[PDB]
Amino acid sequence: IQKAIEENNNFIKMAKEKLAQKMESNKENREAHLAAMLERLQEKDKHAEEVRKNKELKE
Amino acid sequence: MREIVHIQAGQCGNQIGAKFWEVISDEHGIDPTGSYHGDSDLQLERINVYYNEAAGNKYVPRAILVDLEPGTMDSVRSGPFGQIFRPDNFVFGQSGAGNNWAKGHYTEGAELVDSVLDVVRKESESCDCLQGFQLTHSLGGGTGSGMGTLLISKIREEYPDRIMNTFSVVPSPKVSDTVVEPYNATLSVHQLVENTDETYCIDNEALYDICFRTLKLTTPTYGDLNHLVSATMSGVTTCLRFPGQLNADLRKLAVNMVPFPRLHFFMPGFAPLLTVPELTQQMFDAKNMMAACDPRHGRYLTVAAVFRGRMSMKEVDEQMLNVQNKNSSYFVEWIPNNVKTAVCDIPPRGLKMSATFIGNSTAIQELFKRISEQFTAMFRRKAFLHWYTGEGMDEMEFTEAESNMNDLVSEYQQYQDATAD
Amino acid sequence: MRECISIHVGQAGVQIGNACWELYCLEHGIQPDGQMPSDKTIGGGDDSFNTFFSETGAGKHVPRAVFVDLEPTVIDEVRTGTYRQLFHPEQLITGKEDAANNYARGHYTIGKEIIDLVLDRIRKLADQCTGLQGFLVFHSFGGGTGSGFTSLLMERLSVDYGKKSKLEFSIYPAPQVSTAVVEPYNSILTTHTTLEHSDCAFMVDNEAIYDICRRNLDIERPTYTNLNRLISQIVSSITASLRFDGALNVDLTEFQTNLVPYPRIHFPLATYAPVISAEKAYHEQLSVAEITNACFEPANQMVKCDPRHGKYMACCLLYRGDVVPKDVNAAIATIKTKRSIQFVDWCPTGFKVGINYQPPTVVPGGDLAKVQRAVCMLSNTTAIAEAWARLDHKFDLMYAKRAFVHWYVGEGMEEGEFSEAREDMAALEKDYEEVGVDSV
Ligand SMILES: Nc1nc2c(ncn2[C@@H]2O[C@H](COP(=O)(O)OP(=O)(O)OP(=O)(O)O)[C@@H](O)[C@H]2O)c(=O)[nH]1
Ligand SMILES: Nc1nc2c(ncn2[C@@H]2O[C@H](COP(=O)(O)OP(=O)(O)OP(=O)(O)O)[C@@H](O)[C@H]2O)c(=O)[nH]1
Ligand SMILES: c1cc(CNc2cc3c(cn2)[nH]c2ccccc23)cc(Oc2ccc3c(c2)OCO3)c1
Ligand SMILES: [Ca+2]
Ligand SMILES: [Mg+2]
Ligand SMILES: [Mg+2]
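Protein chains in written order, with PDB author numbering: chain E, 83 to 141; chain D, 1 to 273, 284 to 431; chain C, 1 to 440.
Check before you lean on any hint, since a few could be wrong.
Stated by the list, open to error - Just so you have them, the derived chain E footprint on chain C, three or more residues with Cβ under 8 Å:
| id | segment |
| --- | --- |
| 1 | 154-165 |
| 2 | 373-386 |
Said to hold, decoys possible - Far from chain E, some chain C residues (derived; all Cβ distances over 12 Å):
| id | residue |
| --- | --- |
| 3 | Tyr108 |
| 4 | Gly111 |
| 5 | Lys112 |
| 6 | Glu196 |
| 7 | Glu207 |
| 8 | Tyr357 |
| 9 | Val362 |
| 10 | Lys401 |
| 11 | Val409 |
| 12 | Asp438 |
| 13 | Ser439 |
Rather than coming from a laboratory, the hints here were simulated on the basis of the structure. Idealized CB from N, CA, C, for every residue including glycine.
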């Protein structure tokens, strides 16, 4: 009976742990995916600043 | 609900956008005052998609109409259903773009863009659950081209997890003699490849050839080209605007049609320009494609088809099977079941039954090569390039748009030549 | 006691739940208001039908069920439908934005926003139970919610309820009614994730049900409504042992002892007869021998596969209605000497039999004939792996080019999850191939 308790507990335990790192790894990846997208759009902003800026350096 | 926020920009975007709203306000039974005068609760079950319900029960388009010269918007508010639009949603400038992309994207559009975004926000935050945005615009002009794609970049910053669709009108020498158009189209594509989920390639090259040669309309007005586009626009949104077996939002439909993020450029079609067999035969025929491309020169990654009107849905199922079997070489074999069909029992105005076609085909590369040919002819001469470096742009930015668009074409070719083994 | 809590997830799970619970009410004499005139014990009881229905002090018989969807339009129709009074509003749970046929959104992005609430509501039902037996989970393989959220939920139920039994009714995708091209991806992802957490899963091939409606009820182009009403009859037959009592009644767990020889081999093949229209059932009674023979004719299976080219590890026959063991034994003896039934060499060959007296019921205005007797066969056959093979091959065609994978990676998943999931399915297919090999 002790072995059965230990085995129901380890299964509950490893399932809790396997799920928790999955949800963390998914949190990390999705954030590192949206941030990369934003940062391409912000490099986009500087570039457009350099285009408006270069044009003023033209008169 | 699941609401869409609509945007029209430039000459072309506003012209095709206005007609778009006349057809679908018609279908949902709402007069240019905004009062429902239909006969079907069906006409309202998805009315939230494109309308706000106002005090005194008046449905108002969730439309934002934009330009850099006030003339073209004067026509809308004076044209039919002009009094239905939200008056504050008119966002025009005075100094136009002059069929120049840099003016629309970097300098003149950059000055007006923030006040457009304010109108976007006001409409967006009142939605229960916004699906995303749809833009009508041309890639040949200056406002719809450069400011339309600037406004896309800005919206994807503030709504990075919303879907962005566009009906982009591609330029052809058969409609507009304007000469710098291949310059504009190529710089826009270098934007849409990155920041849109779903782009319908409406090609004037095509639209001209269909009015000329099928409807037999020599000297075709823009009102004739748009009559086709408005029928295409109404068709691809029919599933969204009415209740059927399919309950799919913008994201779900993009998921099943876009196997690769860059390859989201669709060639649409319409039929009749009947019996279910010939209706289906016509719509896979290359002469009904709104993009000047032959599908039998490439392979279909995915296909959506929308039939309308009362018809045997068993016969539609049999005929779609028939077409796939007889044309199997033109559908990639490594995407099983890549042809999906929808049936709306409400037919359009005038037609007892019609069919709308959406095709994600590698043959669209034909389009992107016509533009790239006209672009590189001009570019190595540097013709009219001073109009762009005048606004501050760099020769290098041109070359990337060229290479990034040569990259896209090869990628279409890669998957067209891929096999299951 | 021995309460069973049903969880209906996604459009397919919810709409099949609608069909099942309407059918249960008619079988038990429960009205849409929840009143049950024949129940003289008010506010509670230990009756067989209480495994699925609790009782309020006001005489309302309430399904032990939760409906979950990441989108409200389907469950809204439950809230305004004929049976809206049957459910406490807290049994009906909806988000706002759905999984968009994306496993990742159902499991991680959108699903994580509502899972705690769902488990809270499930606990509220479990605390009402004096003897909770387990859960019945209804869902599609293809939907982003049916696949992604279901597996998230199954993982969480294992944590919160240990080895309390969890059974599935899973809708296997068919092109004839699919809305999506990515369903093969979602099917393998959820099957891999759920495999350790399900004790027994009844797969329903929408193509098999589509064909049966066309061929036997002569419906030209069946709808979800046509499909679900037939699926309800199979589900009702399987759960009838828990909701009624009889001397001859054999209780689903007992069939399960036979049906699951190893933990991963837990996908029984269901076959149901008779499916017949009112036109054709008139002046034609189907005998026990006739409906029993129909169970071995593969056109009546819930999943398209050929048991005649595979091996049996178990065969169970679940009769309901006007049936006695005398008839059953004669029919089985006839079959055993005329049909292609080959058992693996490590199993006894007997057929395990259960009989419910309560006759089959039909929904008003359905297409099924009301019949005096029906049978549902539950067999463990190696042939069911053909369904895995068909899906695994569709998965392989697309994944070689990584078609659509960017949609999953954009919501936080990695290619490693895809390959690990597909490797589990390859082992699962090989396990079915191993069990059929003879001993040494
Ligand atoms: N189909 C169609 N195309 C149009 C229409 N009006 C303009 N176009 C197209 O638009 C392209 C040129 O862009 P413009 O129309 O000038 O749009 P724009 O960017 O706003 O240009 P501006 O007037 O300077 O603001 C041409 O190739 C035309 O074919 C129209 O009403 N229907
Ligand atoms: N048998 C049956 N199958 C259904 C029903 N509704 C949907 N399906 C199937 O479910 C699959 C798609 O998954 P859905 O359940 O519709 O999607 P979902 O569970 O709501 O999750 P989302 O993708 O977020 O909407 C398709 O292959 C359909 O065949 C139904 O009412 N009955
Ligand atoms: C909303 C919906 C759509 C349609 N997209 C779609 C449909 C289906 C599909 C995949 N995608 N798979 C299917 C299977 C069966 C049936 C239909 C589909 C396109 C859209 O883009 C625009 C952009 C600018 C406009 C505009 C529409 O109207 C006026 O301006 C907006
Ligand atoms: Ca009682
Ligand atoms: Mg203009
Ligand atoms: Mg759903």
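Hints and how they fare:
1. With 6 residues having a beta carbon nearer than 8 Å to a beta carbon of chain E, the segment 154-165 of chain C meets the requirement of three or more and the stated coverage holds.
2. With a cut-off of 8 Å between beta carbons, the segment 373-386 of chain C has 0 residues touching chain E; three or more are needed, and the interface restraint is violated.
3. A beta-carbon of chain E comes within 12 Å of the beta-carbon of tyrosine 108 of chain C; the shortest separation is about 4 Å.
4. A cut-off of 12 Å between C-beta atoms contradicts the statement that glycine 111 of chain C is not in contact with chain E; the least separation is 10 Å.
5. With a minimum CB-CB distance of about 7 Å to chain E, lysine 112 of chain C fails to clear the 12 Å threshold, and the non-interface call is violated.
6. Not every C-beta of chain E lies more than 12 Å from that of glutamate 196 of chain C, the closest at about 8 Å, which undercuts listing it as non-interface.
7. Listed as a non-interface residue, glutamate 207 of chain C keeps its Cβ farther than 12 Å from every Cβ of chain E; the least gap is roughly 32 Å.
8. For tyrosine 357 of chain C, the non-interface assignment is confirmed: its Cβ lies about 38 Å from the closest Cβ of chain E, beyond the 12 Å cut-off.
9. In this structure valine 362 of chain C is separated from chain E by more than 12 Å, as the shortest Cβ-Cβ distance comes to about 42 Å.
10. Interface exclusion of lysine 401 of chain C from chain E stands, the closest Cβ pair being 21 Å apart, more than 12 Å.
11. The claim that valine 409 of chain C lies off the interface is violated: its Cβ sits roughly 7 Å from the closest Cβ of chain E, which falls inside the 12 Å cut-off.
12. Listed as a non-interface residue, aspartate 438 of chain C keeps its Cβ farther than 12 Å from every Cβ of chain E; the least gap is roughly 32 Å.
13. No beta-carbon of chain E comes within 12 Å of the beta-carbon of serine 439 of chain C; the shortest separation is about 28 Å.
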